[PDB]
Amino acid sequence: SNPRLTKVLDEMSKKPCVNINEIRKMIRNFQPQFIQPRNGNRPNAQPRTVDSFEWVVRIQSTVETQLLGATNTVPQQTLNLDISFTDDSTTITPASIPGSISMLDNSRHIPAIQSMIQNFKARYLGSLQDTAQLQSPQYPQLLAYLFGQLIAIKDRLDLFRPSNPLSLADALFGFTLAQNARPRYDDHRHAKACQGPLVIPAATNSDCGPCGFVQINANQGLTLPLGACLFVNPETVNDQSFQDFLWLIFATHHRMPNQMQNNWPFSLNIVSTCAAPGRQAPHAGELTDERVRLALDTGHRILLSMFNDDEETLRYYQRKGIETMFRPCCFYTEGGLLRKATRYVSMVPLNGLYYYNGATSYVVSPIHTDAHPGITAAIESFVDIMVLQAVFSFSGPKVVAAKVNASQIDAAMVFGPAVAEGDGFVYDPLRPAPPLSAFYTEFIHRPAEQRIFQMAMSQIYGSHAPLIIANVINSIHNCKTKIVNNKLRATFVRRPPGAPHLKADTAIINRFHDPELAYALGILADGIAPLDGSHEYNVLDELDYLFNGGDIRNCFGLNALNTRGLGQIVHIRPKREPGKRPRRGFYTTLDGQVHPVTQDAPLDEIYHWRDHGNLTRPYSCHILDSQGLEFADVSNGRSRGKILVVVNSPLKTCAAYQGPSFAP
Amino acid sequence: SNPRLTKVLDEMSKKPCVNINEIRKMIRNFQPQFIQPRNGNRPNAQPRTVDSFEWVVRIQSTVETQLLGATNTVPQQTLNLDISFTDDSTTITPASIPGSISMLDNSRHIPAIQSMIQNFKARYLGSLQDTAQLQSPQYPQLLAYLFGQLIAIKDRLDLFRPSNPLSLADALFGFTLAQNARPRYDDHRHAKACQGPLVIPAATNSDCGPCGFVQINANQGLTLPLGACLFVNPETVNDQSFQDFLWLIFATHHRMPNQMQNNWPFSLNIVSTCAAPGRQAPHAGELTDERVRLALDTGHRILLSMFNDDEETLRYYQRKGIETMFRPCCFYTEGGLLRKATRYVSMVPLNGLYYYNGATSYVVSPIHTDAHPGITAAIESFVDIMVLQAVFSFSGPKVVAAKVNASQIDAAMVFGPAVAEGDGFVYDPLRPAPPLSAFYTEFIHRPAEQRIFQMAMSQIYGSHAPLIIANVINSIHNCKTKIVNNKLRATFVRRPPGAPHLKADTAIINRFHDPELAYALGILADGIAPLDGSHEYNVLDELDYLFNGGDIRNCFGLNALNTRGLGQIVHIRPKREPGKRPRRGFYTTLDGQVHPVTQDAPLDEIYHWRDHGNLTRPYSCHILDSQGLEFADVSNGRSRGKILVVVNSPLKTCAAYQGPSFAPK
Amino acid sequence: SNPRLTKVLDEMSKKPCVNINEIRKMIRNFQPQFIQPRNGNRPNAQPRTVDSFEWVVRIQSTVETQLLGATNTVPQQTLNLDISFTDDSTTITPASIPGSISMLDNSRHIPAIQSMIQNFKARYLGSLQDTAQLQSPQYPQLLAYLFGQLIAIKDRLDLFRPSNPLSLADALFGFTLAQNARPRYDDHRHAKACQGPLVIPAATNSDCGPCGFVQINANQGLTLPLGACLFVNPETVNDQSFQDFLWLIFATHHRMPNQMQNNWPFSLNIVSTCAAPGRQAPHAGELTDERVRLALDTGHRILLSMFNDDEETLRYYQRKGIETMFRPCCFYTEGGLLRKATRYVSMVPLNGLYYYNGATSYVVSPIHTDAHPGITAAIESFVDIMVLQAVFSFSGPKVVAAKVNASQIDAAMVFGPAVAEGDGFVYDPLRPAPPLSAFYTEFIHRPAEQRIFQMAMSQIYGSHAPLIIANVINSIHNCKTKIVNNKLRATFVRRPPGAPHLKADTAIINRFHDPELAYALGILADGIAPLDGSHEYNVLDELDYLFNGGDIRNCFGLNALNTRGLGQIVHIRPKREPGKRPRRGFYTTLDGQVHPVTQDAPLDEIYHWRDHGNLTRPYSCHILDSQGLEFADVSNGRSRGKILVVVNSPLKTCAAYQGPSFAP
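Chains as they are written, first to last, in full-length UniProt numbering: chain A, 37 to 700; chain B, 37 to 701; chain C, 37 to 700.
The set of hints was computed from the structure by calculation and includes no laboratory data.
Hints are supplied without guarantee of correctness; some may be wrong.
Said to hold, decoys possible - Calculated cross-link-like contacts (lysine-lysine; reagent style DSS-like; alpha-carbon spacing at most 27 Å): (1) B/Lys50 x B/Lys539; (2) B/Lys51 x B/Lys516; (3) B/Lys157 x B/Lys376; (4) C/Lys61 x C/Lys51; (5) B/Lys539 x A/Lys678; (6) C/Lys518 x C/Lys439; (7) B/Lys688 x B/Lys678; (8) C/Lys439 x B/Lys61; (9) C/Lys51 x C/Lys228; (10) A/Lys678 x B/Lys518; (11) A/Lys539 x A/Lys523; (12) A/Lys376 x A/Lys518; (13) B/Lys43 x B/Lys61; (14) A/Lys523 x A/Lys228; (15) B/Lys228 x B/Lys523; (16) A/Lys376 x A/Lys228; (17) B/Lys157 x A/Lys61; (18) A/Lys516 x A/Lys539; (19) C/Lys157 x A/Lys157; (20) B/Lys688 x C/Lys228; (21) B/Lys157 x C/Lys516; (22) A/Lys678 x B/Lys439; (23) B/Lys516 x B/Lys376; (24) A/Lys678 x B/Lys516; (25) B/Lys439 x A/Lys688; (26) C/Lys523 x C/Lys228; (27) B/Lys539 x B/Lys523; (28) A/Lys51 x A/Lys688; (29) B/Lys701 x B/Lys228; (30) B/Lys439 x B/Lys539.
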């Protein structure tokens, strides 16, 4: 029955959204150019240890406009797309909704191991089907997350050359570290890595490395352990690469903080027909780069085999393991609201039965072979948040304010027609800041946003979308972040103490980054026009639409002339239309400051705003409402000019501007 | 609803423009007659290294007018075309628009590559059998651009034969160089080329000339690297010429400016099924003329196979690459800028999967073997700049003038007849000059200077039209060039950074070279009418057409007699209105002054314009306005005779005077 | 819609082409008569080593005509069908199109070996089906190619008795050869055989000869090697013939050039229940002819067993192995264009599982028992090239010329109506000669030629045609030969340095040999009449048809009288038909030499051409065009005589002249 939603769904159906594969393909070979700290500049020589948690790899992107039929030269602006580079956070949470985490079927694994046991004349108890079903289900999720974390550590330590590196393994096993010193790759305030050299478990009778080992003997009882069992052919257990991979995972799991080493035990047990090779813990430098590369390759082979040869869920989990190191930064004052609310992945302890006799599918382009896995992982997350922003900002800007007299009056007290009546919330500042979860949970579950978010995600991903939708719904439904009134200043990574209060104390909780990036990527874009090419503005009507609550970002003429004209091109005067009592026209800004307009004056003397060229804050919600105003031009018919805009971003993809929208 | 537009479209339909094949046929095979520095005379013997960035081959072409009735004979003029031939310039930009650059389709590279990677690949990495992960982007552009640059080097060395020669390979690599000295060629103030001797990269395990190498065998591993992969049979990889071609391409890629080198890395790397042939790294005198030529041939075959055997876009990118070192030189003192804003080709770092087994086609005459490709590329560019000229001028001269204390809100003042309302801007001089992309873009979007461009380019090039069109539009959008108060003096390559000054402080921004060449080549030409044969001229009316906002060039009845005795032929008097009021008349020149005329007087001392002969500035706007004039005759007849003009130029194409145009009848 | 093609298809359907079996049957017992060198004559005593790479076994065939009602005696001509005899080339290339190489199904092999392993209580890992599918597919192609090469070596060394032979094995194992000397059977410039005595691999623990050996033990682990596994019953591993055959193949594989010994490794592993017999490398003369014959027989038995008992694909590959020694020579000046472009066979490395407990099908007439396998192999190739020529010359002679002013003018510049407009190509001589592949690739893929070539091949071969069609399309699509302007002189085998330029510099790229052979064999013949029996010529109309571009080879009267009349039987005069201005009739030869005919003269004084009796070059393209000419006879009605022609070739088959054609 809703017309607007039907129109949007029809348009989305007619113009399909860009498949994820293009976005993956267009980043596999991207060479970063800037590794400066977010705030300052790179010092002469790199430090010896990753300490300043402010570094960022900057994907520069430039936009400059021109006023056709004029001699004005607007300075070029800069779409600063920042990727956090040294900062640790957690993306694991044991809390799932029904579709959040699935159970990979053990259809092709049980028969093979059954036949193996029968062939080697091992006396087992009970048909393996029911014992598999009840004793040990099949959740290999964890072992991919650790792999992603390892790749992320490698990438981080690679980009930031710490002036005398050792190896992937020498900075990971903590050789020559004081009992209180932190690992080289992660040494700064509020890190998330256990400190000191990691300690190998004691050498027991039978060991295939850092995990237990059980061999199957002809005419001999066989009993499985309690964790996960990975049957392998004897040709592999004696391989160097396999054991090196196993050791690397073990090391990565004993470095994550102490308290998650007792909730997600890294339990595994290799089973085969060899003689227990025993653990051979590498001690001195003996894991050269080529050996580590082989280890990673064999490891990915085993992982892909465990996932029923899916390579899509595996890629998703491997990525979700990486954001723990690489995150996409915000581009607004009150940021860290969307990313902080969509990061968690529901998980279950690792257990079940596996079988690997030989690889079957040859993944051409795995994650770990990309030019820089961190960037590739971060960009996919950026896409997720972009779509989420698109769905959220479907019916307004969703403001939240801190008015002291909050109880005395209800909502819609201050926000005129601009903020859709129903999306403005307030809270008195006497109490602590509310929980963002409260607002977002109510936002997501409305039918209008649900029925569109589902379609968008399905178009982007496909058969594998439902996992992502369920997981994001869970995460947003489970977030502890508060809407703190402070500001971020957009020149840091973590909120600095003593920062000033927000603008008008009104946080806006849709924005995460400019929609021009979404347009370029070819993904769903919110109701903002794409500043792409030639435009034909008309300052009068354009300006009039602004004072009805519209976003200034949709007004090209004003932004172009913000300080080069508009003091000699347009005037503002009260409306004298009827014969009734004359009234002083007034307009209300965001903070409820009713502004009167008595004597007609040049526009620049009535309203002001900073000139960011043509990249202004999208949803700034400048003018809530205005009544009784007229706009007359005082230039001899040169207020309807044309402008040109060029956006040569380096992350443009095939579907340049073919993505859907709301206001084409 | 535009009579002019429909008339021009119908005309262009009537007389189709000459497709480029005639231009190529004409220009392909003549050697230059004489090459000299633009300003001065060539020395006795050429120096060691090309070091003055003015040498330009020129192409003489003259006009002689002839008629009886004048006092003395008219001296002839020399309309000659020049080619820069030494100076360097960038041509590659990262910006893009929809049609600016397209990705080819790997519909005939995937079958073979998959069937060759499925068999010869250790039987423990699993069977691939998906033919869907092999979908990397196909952008084999930069290879052609580098190929073009290499051809340009060869041609530039050949034309300006230096005193002590060196093998093209030796000059390119530059073994016997200094620490940071310029290459043997391209050694002057504006030169932009990585100095120093070229450095071979490294001594790795898997080498196959300059680029990386990966093999696919049982006792090995396979991992396709990230850049481009050129899958070839073991037969050719062990060949000789192919290795030399790879070395040559690498060599020319490392002479680009260091920053641009970093932007677009040479990421080629080959994969095959045989042992890696170690890099050879030729030095001292390994490569020689014939071996280089053979390598060029095989390289062209490779590139053609990479392009899906298109050969029309291949030639396009090759031309654009060779254009960084050859280009037409402007002819008007204005400063020659129309070219500077049309020279950019969008690009993206090379990538994709390529398979090469055979030829699949044979092209009778590829660009790289046509007797100095530089000249043919330059003229192939000129034949497009002229079309752009024709389309812009479709309305009027489109002047841009300078006035002090101009309103910094709008810059559109009406100048009078002969200058339509849209054009004719103005700008304060004492502030930095405008950007000159704030006018062209506004020009080429209107649906009158767009459809004409569309159909003209369509007729010139045919199916492969859009690409050129799209690309040129992009060039206009982002061009940093600016209008300047200086002159080229007609004997320079760049403005002498001194104090040349404009005669009228204005600039006409839509003229690049005389339309006579456009007529001769058969391409579209506008406005100015052609002058090659007998003509009936009526001074008494042609002059009238002049003072109401014309240009002298159309008025070949005046230039003939400009100072041959036009004086005692026609008088100008204010007006003889037999009724209301005897007011006086005046005219306004391109400057502001409005000096008036009161009584009958000979014309020679009321206007008194400079006499070049029968080749005057076509868009100079000699007079803007005039009201109240009569132009009485002062001799029975003697103002209704005949005139014959002969112009012979060496580039007369096949269909020379059978092209479309819309000049006044 | 095309009428000519429909007519040809209808005629082909109505008159089936000759089955290949007749051609095979009519050569099994052919005794060659001439073994002279191509150019000169046999020396008194044969040399001691095969050095002159010019020898050829000549299949003489004679044709002589007679002029009924005349006293003239035309000398008999000679259809010199030459078979190259000592020259090495390569017919292997790792490049395949989709249908080029198939994968023989292992349907009847896996179950037998499965049952064997189960019976002998060997502990194997994993069901053998999937391991066969992924670990090792079933491509036995190579092992047949080596067999063909071995047979070819035997035949070559047999025909050319080198004055003191040793044995098949003594000239193959290189006993008593200097470390730089070449093998006796192949010692000449640009050979293709590795030199010096071949070296046996070191004697390891278990060996069944020159290849690894693995025995299956009760209650003992069994792991397969990486190459091909050939399970055999124990009764055979201890046989002498089997091991001798294995040794012979090993020797033949280590003699092919060095660089193809690292791309096609001869990997094999015998598996059985015997005790490893160990390698017993024959060292001194100990392989007598009867022992070698038994070896060859048992070897063919094993091969046929490996090929799922097909004997057709096996025969094809065995033949394709032989052309590496025996090839069919050209019969024109600019030859070595068709054969050089249709020789390659797409291949994959040898691997998979096999099983041979006992032969099942008794091939009555294998290749190696023919009178001379080389000749039989060469003739089948000759048939392939003959059909290919037939399809190519379906719409003209396909000329290629070297005109200096090639760029200035387009094609069809010189070739009048004779050369079908669309089949003439030119290239300036400044650049090197073009690649023949470019022209042939475009020729083959036209629908008109494809739809006829497919039918012809299917009729000739049958169910096994698609392999041959796909393989020839691949080969022609992959050829490195250039159209070199030089000439061959038809009295050599390899182009001699310093040979003179071609006639008019115009190579014709359809001809490989006279079509009379194709007619005799009963295979598809191009648009040339078969000179078989009584003919009723009419010199006037016949001559007129010539000057419209037709082929002189279709004009019997002219050829018969080329030098015995035509100076007193027919005159040429300009046509004075209308009242318009008289014009000098002219005709244009191949090289664009416009020839004027002003005053009527005897024919022999206006045009000339060499007299080859009645065997003239078929597609010589004598007269491109002529306009304004008349032909009047000056003999009292004896210009319409009859002629008789007799063609008693020794390779006539059952379908003497029943094959299809174009101009019956």
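Each hint tested on the structure:
| no. | hint | result |
| --- | --- | --- |
| 1 | B/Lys50 x B/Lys539 | violated, 41 Å |
| 2 | B/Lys51 x B/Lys516 | violated, 38 Å |
| 3 | B/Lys157 x B/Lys376 | violated, 52 Å |
| 4 | C/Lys61 x C/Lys51 | holds, 21 Å |
| 5 | B/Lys539 x A/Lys678 | violated, 32 Å |
| 6 | C/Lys518 x C/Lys439 | holds, 17 Å |
| 7 | B/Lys688 x B/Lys678 | holds, 25 Å |
| 8 | C/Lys439 x B/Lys61 | holds, 16 Å |
| 9 | C/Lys51 x C/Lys228 | violated, 44 Å |
| 10 | A/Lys678 x B/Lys518 | holds, 20 Å |
| 11 | A/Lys539 x A/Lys523 | holds, 9 Å |
| 12 | A/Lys376 x A/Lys518 | holds, 10 Å |
| 13 | B/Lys43 x B/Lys61 | violated, 31 Å |
| 14 | A/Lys523 x A/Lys228 | holds, 25 Å |
| 15 | B/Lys228 x B/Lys523 | holds, 25 Å |
| 16 | A/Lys376 x A/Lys228 | holds, 17 Å |
| 17 | B/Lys157 x A/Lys61 | holds, 24 Å |
| 18 | A/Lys516 x A/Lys539 | holds, 24 Å |
| 19 | C/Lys157 x A/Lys157 | holds, 11 Å |
| 20 | B/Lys688 x C/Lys228 | violated, 59 Å |
| 21 | B/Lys157 x C/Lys516 | holds, 26 Å |
| 22 | A/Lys678 x B/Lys439 | holds, 23 Å |
| 23 | B/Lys516 x B/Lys376 | holds, 9 Å |
| 24 | A/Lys678 x B/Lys516 | holds, 19 Å |
| 25 | B/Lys439 x A/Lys688 | violated, 43 Å |
| 26 | C/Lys523 x C/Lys228 | holds, 25 Å |
| 27 | B/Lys539 x B/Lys523 | holds, 10 Å |
| 28 | A/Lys51 x A/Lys688 | holds, 18 Å |
| 29 | B/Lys701 x B/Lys228 | violated, 50 Å |
| 30 | B/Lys439 x B/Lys539 | holds, 14 Å |
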